[PDB]
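Trainee: Here's the letter readout for the chains.
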Amino acid sequence: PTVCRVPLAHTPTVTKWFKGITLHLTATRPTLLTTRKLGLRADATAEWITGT
Amino acid sequence: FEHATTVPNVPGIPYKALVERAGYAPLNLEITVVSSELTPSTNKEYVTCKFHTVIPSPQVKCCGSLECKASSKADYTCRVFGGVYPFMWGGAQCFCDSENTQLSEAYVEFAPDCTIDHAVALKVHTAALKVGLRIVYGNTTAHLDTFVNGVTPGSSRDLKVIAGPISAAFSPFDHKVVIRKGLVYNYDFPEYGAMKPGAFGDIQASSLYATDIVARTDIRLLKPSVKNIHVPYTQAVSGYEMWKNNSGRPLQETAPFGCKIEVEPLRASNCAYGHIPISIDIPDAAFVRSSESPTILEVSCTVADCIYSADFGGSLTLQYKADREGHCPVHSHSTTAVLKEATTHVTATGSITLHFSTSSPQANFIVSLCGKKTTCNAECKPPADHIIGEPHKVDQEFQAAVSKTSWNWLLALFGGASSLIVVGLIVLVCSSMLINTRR
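In order, the protein sequence lines correspond to chains B and Z. Under the UniProt record's numbering, the first residue of the first sequence carries the number 582, and numbering increases by one thereafter. Under the UniProt record's numbering, the first residue of the second sequence carries the number 798, and numbering increases by one thereafter.
Next comes chain B alone, as it looks inside the complex:
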């Protein structure tokens, strides 16, 4: 075991509306976006995102 150097993606731009968010995501290579709700239901989205 050693320590690797891994990329940090471009910080998303969050536009906020009533009961929701919009993430403006800039990715030059496939980057993984994972979401989940902090309640009993944990609807969990996983997607590999490339492009804007």
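To be clear, the hints were calculated from the coordinates, so they are not data collected in a lab. All C-beta atoms in this analysis are idealised placements derived from N, C-alpha and C, irrespective of residue type, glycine included. Just so you know, not all the hints are guaranteed correct.
[Said to hold, decoys possible] Here chain Z is said to cover these stretches of chain B; the calculated rule only asks that three of the stretch's residues, wherever they fall, bring their Cβ under 8 Å from a Cβ of chain Z: (1) 583-594; (2) 622-633.
[Stated by the list, open to error] Pair by pair, the computed Cβ-Cβ distance ranges are: (3) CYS585/B / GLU827/Z: 42 to 48 Å; (4) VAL1219/Z / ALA625/B: 52 to 58 Å; (5) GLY1221/Z / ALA625/B: 54 to 60 Å; (6) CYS585/B / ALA801/Z: 47 to 53 Å; (7) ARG586/B / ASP910/Z: 45 to 51 Å.
Using the hints provided, position chain Z relative to the given structure of chain B.
Mentor: Same frame as chain B, but now just chain Z:
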């Protein structure tokens, strides 16, 4: 003195309560869940990883015959082939032409890199909740860890806090759990001994350094075709590799209630669910005589401007008159309003600003300045911001959530209907008595 609260199990949000003994000045109580651990009871079944197909050197007692034996090696497959005449670099390897028997052996091992890239199959039983508490009583802060079962008295020095049973029994782990390089998956692995070829757990062992490996990898030994010595074989794909390609996302990302899944030991940390019935036996010396604390002559609450949001979106000034300086505990006698402050300094005539948080669109609660309850009334407008980065300090009730204008309209409509039918009933009885007197 014994106090029985019900702390919401959200880590970080302080829960405030006021304990009032007869003849003793009110004491401020402050309970915070700094951390939480949901630790299940584990049982390791086996360790699985990629297998190394070991094909020994072919044996040719090649004028005569060989017999297949039995070995304890993992997935030990053997086959005896009729007439071979094998070749190497050097020509014919023996003398008789078609009386030559070749024995093909093929078993399965643990790959050399398996000590790092392996999975552990576990069965986890009922989980136990353990919490870190930050009880603040008077001017003394005590940190302590308690088991959430209802009987164990976790105590730091002299607090003796008994964490009651959790209201909701929740466990993010299934019965069967797979751990691979710190990532926790909910997988239904085959039992020890039921190895399915091509699926997770096709090779099993108690440990990585065990000599009792059991495997079932579907090794089919094929009849050699070429003249050069060869062991042609075919096999199923590694179940570990197939599961790795089709594992899905881990519990670290599919957990409910915002649980943080951690390993060594397996636990779900900082889970926000349910209510905890804490019971604190505060030491006697912490309480002070009602004579020692300053006495409020009269106070009145005016509230500047309030919104109902997660953070402390409210302000409140109360003009008091005290006959002596000192420290007085402040508390909101309401379930939908929580104060940011706990103790404040009163000096004769003065006014102090107390920030609170609300879930109702009304500051319709009571505040106590070391006693002397006083009532507030104002309008809590909805917040302009839609999304915040901090949890809601107060839960959402019904009578609180409905505003007084909506209550007035609802009561106007319902009471109008009810008064209409009441007038109908009174004219009913009056007309009936008139008719009875008629005949």
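Trainee: All the hints need checking, so say for each whether the structure fits it.
Mentor: Hint check:
no.: 1; hint: 583-594; result: violated (count 0)
no.: 2; hint: 622-633; result: holds (count 4)
no.: 3; hint: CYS585/B / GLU827/Z: 42 to 48 Å; result: holds (43 Å)
no.: 4; hint: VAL1219/Z / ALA625/B: 52 to 58 Å; result: holds (55 Å)
no.: 5; hint: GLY1221/Z / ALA625/B: 54 to 60 Å; result: holds (57 Å)
no.: 6; hint: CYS585/B / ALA801/Z: 47 to 53 Å; result: holds (52 Å)
no.: 7; hint: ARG586/B / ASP910/Z: 45 to 51 Å; result: violated (22 Å)
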